[PDB]
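This document starts with one chain, in the form solved without the named molecule, laid out as structure tokens.
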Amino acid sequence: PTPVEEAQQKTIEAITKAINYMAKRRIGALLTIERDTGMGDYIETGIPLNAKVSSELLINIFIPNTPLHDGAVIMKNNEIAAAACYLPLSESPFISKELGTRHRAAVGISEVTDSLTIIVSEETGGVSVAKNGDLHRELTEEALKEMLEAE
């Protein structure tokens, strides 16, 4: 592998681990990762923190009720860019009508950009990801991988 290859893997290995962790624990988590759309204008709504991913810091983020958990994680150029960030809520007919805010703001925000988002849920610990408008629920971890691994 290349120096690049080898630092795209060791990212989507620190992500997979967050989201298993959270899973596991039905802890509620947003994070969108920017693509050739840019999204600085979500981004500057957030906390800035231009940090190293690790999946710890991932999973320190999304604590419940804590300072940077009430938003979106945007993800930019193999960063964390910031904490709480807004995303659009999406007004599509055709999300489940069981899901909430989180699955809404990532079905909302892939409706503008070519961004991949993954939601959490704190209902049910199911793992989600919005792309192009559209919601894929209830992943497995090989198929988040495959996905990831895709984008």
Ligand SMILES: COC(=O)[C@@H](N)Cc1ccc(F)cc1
The other form holds:
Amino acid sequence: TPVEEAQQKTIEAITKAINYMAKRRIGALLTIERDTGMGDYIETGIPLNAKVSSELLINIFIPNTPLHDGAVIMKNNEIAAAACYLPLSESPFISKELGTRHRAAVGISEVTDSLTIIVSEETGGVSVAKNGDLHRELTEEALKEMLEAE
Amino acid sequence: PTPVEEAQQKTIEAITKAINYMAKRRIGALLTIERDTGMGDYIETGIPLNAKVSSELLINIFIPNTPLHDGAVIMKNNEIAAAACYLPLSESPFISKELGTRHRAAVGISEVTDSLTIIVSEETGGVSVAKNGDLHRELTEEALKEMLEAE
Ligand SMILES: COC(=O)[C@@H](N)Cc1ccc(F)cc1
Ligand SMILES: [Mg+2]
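Counterpart to the form solved without the named molecule, namely the form solved in complex with the named molecule:
What follows is the whole complex; the chain from before opens it.
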């Protein structure tokens, strides 16, 4: 169906962008809103309400640029805003070598049903936060499975 | 001012802030503002954005060596319609010989539409505008803003 094709296109755009940033160790934080509304966090960023493309996602997270500091929040198959605040988790059970991107992802996943993707600037490793847990060192296939399950 | 007029002022502020940033840093840019002649055929050659304007997004688009920086951004009213768009190259002899493809594209679209195109030179940081087949170079910030306000 059209809705199915659209979801698959968005998944492909996300994984292409994450693959580019993982290879270049570009830090990134991308939260996908689900049933829990995230408007209060969306309002903290720069409004975009933009079509998703791998190109735009990459251009957003380029280091040393206006939009790269904070989270992209996606809602209704669009990029709602960039450079958004997410709350930092205080969980003592996050790997101690991880910093604030990952604690922000876990933080929002504590208080919403959202799925957040993190690319590490240290390693290029890719992780996902959901339900208060961080799933680390994902392959491309693992991230796709998580996006399709979501 | 009405909401339409306030929105236009916000859009002009975003554009001028972005252009000023990119001029200082010698970041090449090519930004076409659609007016009454529709540019859909050119918009369709780019990557669709249909995004709300901000100075931040405009700057991020044109950062060198990124997916969206090559080609034109085309704006429709208060939205960035698409980036990395094709524009036709002018053959006009009144384009300074040292100028490259961004200025020739801007004059090109200005020959077949009523649009206003802003160009930042990656060589000098100079700001120019193309409109109605003419290129006006080395604009001050004040001149650019007045041109946009008049547009
Ligand atoms: C060298 O390649 C890698 O680091 C990947 N295994 C990481 C990676 C994970 C998800 C994705 F959508 C793209 C890339
Ligand atoms: Mg002069």
